[PDB]
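Start from the sequences, fold in the hints, and give me the full structure.
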Amino acid sequence: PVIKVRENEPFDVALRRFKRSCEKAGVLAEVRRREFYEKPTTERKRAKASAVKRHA
Amino acid sequence: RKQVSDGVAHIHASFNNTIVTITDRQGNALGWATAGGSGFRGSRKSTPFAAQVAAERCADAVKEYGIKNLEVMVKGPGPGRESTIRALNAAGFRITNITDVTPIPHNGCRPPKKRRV
Amino acid sequence: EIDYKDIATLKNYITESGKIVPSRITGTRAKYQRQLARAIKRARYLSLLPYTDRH
Amino acid sequence: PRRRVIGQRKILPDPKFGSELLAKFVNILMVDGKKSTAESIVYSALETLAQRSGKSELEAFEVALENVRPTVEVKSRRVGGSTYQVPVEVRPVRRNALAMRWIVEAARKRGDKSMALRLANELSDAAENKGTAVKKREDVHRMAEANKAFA
RNA sequence: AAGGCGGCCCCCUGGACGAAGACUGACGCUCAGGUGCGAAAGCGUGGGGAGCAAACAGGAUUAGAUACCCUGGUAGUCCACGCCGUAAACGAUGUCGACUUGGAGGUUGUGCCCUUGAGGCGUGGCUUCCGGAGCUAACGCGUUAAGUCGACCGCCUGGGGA
Ligand SMILES: [Mg+2]
Ligand SMILES: [Mg+2]
Ligand SMILES: [Mg+2]
Ligand SMILES: [Mg+2]
Ligand SMILES: [Mg+2]
Ligand SMILES: [Mg+2]
Ligand SMILES: [Mg+2]
Ligand SMILES: [Mg+2]
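Protein chains in written order, with the entry's author numbering: chain AU, 2 to 57; chain AK, 13 to 129; chain AR, 20 to 74; chain AG, 2 to 152.
The hints are simulated quantities; they were obtained by calculation from the structure and are not laboratory data.
Straight-line distance between alpha carbons at most 27 Å, and here's what the computed DSS-like set of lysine-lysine pairs gives: (1) AK:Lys126 / AU:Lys49; (2) AU:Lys25 / AR:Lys38; (3) AU:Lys5 / AK:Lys75; (4) AG:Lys110 / AG:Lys36; (5) AU:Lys54 / AR:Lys50; (6) AG:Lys149 / AK:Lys57.
Have a look at the derived ranges for each label pair, beta carbon to beta carbon: (7) AG:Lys11 / AK:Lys87: 52 to 62 Å; (8) AG:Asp113 / AK:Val129: 51 to 61 Å; (9) AU:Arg35 / AR:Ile26: 25 to 35 Å; (10) AK:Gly104 / AR:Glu20: 52 to 62 Å; (11) AG:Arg10 / AU:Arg55: 51 to 61 Å; (12) AU:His56 / AR:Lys38: 22 to 32 Å; (13) AU:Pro41 / AK:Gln38: 35 to 45 Å; (14) AK:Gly39 / AU:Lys49: 44 to 54 Å.
Heads up, the beta-carbon is just placed ideally off N, CA and C, and yes, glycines get one too.
Have a look at this one:
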């Protein structure tokens, strides 16, 4: 996420724009996922469980 | 002593600590401050307030060079990601750009085992 | 019909950071999302498209 | 206060100047259900405060009260095992109640000859913002600006 | 085929499926014994070694703590050529064939129709969720059967001992 602060735009709006760009790019989510090792069996188990949850 | 005016706000936000380094545009360090070095330990070290004071101590340590405008570079997760940028603007700096530079491997090294707590 | 040389069309299916946009967002067909990803990767290698938003 | 949503008991005004705010103040100072001796201390303190500050008995109270009145305070909350202090904007009614409570408590902690003298010298210290009561609003402020991130 | 297989490019190569005819003329199904393949760990020889990490060392926690947590870290994890032949090797469901109401998707062929920068109507292969009869001890299964039948094989016969 690369955010460029615009003319006559407050700091509060620029930071909120950055926080949304990080949320869109999944910055904190990709760091949470890579922090610790996950077994192929575990990531396959998670993918199956999420696919079942995506049925309402 | 010298004159820069246009700088770079390099902030290393880890889960345990926040290291704030003010550098020039080329990547040469001018002054730094950390949450751990600002009189905060363990429980209080890993707080956005300890990161706010780290941005404040860093601002006092670089105003002899005389910086007016600086572009922010955010690395890592944890607290002090946004509280450092907030403390830099309130200190008396014009934020040029806010960029996330968190390292993301294209699936490289095997991370350490999950902590069984 | 899809080609790595057509960096014009290719730029519509990649994000601000250079990441390939998933089929769920773009609404493309399964067969052609695979054809796209190959072309984006072919164009990335040939420095016709970037890998990351750093360089 | 789990299910029942209650209001607030409207107390009778001050028998001297007809002020509801002073009636809250006399009650805050009041101990052992002795209202007679409680207003006697509040009036003697106001009589010695206005005389030694240039009249306006109601206005001299308001000058001392404006300095102790807090704007923001922290609220204790336990999210995930950890106790986070969330800064919350205090309502105008409680703004005055905290201001009055700290004046009474700081005057009680004083070493003067009488409670009327202790109260008057506490209101005099608050009017010029240099006492125990104004420092309680100061400590509450430093606590709020610190946890400003968790707002 | 199972084990398993994921950046990109080429070379060598196996299988599957569709459309249209032509050709062979029961050449088929199953398979004890036999043969081959077969995750990870482990073994042998020589390489390689960034990260991770059995063992081991140190710091903590605890009543103890040969653990969980932290700082390190050797084999190993990687490559070549051999070996080993096991897993909750699982759909805990042997293979092949025929027959039996339906609904909503996903994926991959193909015939047709339109002025199409998409859809409309069919017809194959695979796949997911739901469900009818029937089946089942129940849970559930339900044209990808655990339904209705047939061919052949493997296997079970109370728990522990094993
Ligand atoms: Mg003939
Ligand atoms: Mg070896
Ligand atoms: Mg360890
Ligand atoms: Mg060995
Ligand atoms: Mg066995
Ligand atoms: Mg039924
Ligand atoms: Mg069913
Ligand atoms: Mg027996």
